[PDB]
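So this first bit is one chain, no partners, the form solved without this ligand, shown in structure tokens.
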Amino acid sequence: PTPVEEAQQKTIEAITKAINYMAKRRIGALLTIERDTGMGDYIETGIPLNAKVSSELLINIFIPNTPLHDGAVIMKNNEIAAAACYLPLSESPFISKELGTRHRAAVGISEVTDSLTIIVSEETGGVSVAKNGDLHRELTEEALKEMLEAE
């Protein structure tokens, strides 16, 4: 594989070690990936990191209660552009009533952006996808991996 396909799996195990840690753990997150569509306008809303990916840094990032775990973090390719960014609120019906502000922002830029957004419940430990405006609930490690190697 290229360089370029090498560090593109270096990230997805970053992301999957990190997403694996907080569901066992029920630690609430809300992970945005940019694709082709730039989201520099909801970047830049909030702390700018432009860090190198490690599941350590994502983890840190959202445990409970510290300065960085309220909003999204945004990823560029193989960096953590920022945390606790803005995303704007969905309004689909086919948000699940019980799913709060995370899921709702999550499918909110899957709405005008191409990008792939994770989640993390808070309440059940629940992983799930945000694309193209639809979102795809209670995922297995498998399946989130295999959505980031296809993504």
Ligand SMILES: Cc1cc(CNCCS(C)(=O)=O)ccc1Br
Given for the second form:
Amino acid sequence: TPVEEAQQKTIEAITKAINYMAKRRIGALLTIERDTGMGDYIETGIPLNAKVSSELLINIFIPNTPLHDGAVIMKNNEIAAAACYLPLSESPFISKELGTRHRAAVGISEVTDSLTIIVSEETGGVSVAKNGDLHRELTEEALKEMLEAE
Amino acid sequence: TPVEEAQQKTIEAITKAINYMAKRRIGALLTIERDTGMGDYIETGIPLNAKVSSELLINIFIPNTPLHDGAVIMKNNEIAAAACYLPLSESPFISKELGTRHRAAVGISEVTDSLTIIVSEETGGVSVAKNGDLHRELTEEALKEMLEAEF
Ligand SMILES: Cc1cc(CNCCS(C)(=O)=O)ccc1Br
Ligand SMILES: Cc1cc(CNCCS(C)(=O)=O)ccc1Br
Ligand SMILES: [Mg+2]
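Show the form solved in complex with this ligand, please, because up to now only the form solved without this ligand has appeared in this conversation.
Now the full complex is given, and it begins with the chain already shown.
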């Protein structure tokens, strides 16, 4: 169906962008809004309401640029805003070598049903936060399975 | 009016981005669609249909990134697409030292009523192409007045 084709196109755009950033160890923080509304967090960032593309996702997270610090929040198959604030988790069960992007991802996942993807600037490792837990060191196939399951 | 206020915000976003890129010698090519529709050229790029911000404009043109090569085309208060093709002018009144961004800007200005802004990656100089003419070495005040008059 059109809706199904659109969802797969967006998943492919996300995975292509994450692949690029993982290879270059570009830190990234990408939250996909689900049933819990995140308007309050979207409003803290720079409004985009942009079509998804791998190219735009990559350009947003280039280090030392206006849009790279903070989270991209996606909603309704669009990039709603970039450089958004997310709450930092206080969970004592996050690996202590991880920094602010990972704690922000877990934090939003504790108060919403959203799915957040994180790329580590230290290792290029890819992780996903959902329901208060962080799933670390994902392969490309694992990330795709999570996005399709979501 | 809201329309006028939105126009003022878009102009401020553009000028802030252009000033940032000029200072850092970030090459940029930004065409503002006017009454001649530019859909044929918009469709050659990556669709964004994004709200304008100085931050997004800057992020688009960072060198060596997916979106930096080609023109950004704006439709009113939106960035319609990035990395768009524009036709190259063969006008003899384009300074010989200038490269493809300036020739593309003059080229689209010959077949549309659009206004195109160019930042030179060589010098940081800012120019505008309109109606087949290239106006070089603009001050910040001159660019803002051109944009305000264009709206
Ligand atoms: C999610 C994902 C993961 C990878 C694997 N990264 C490799 C890092 S390594 C071999 O140094 O440990 C690639 C693309 C995507 Br998309
Ligand atoms: C249009 C504009 C012009 C300037 C003047 N910069 C001229 C000096 S340069 C970059 O060539 O070394 C500043 C801001 C805006 Br906005
Ligand atoms: Mg002069």
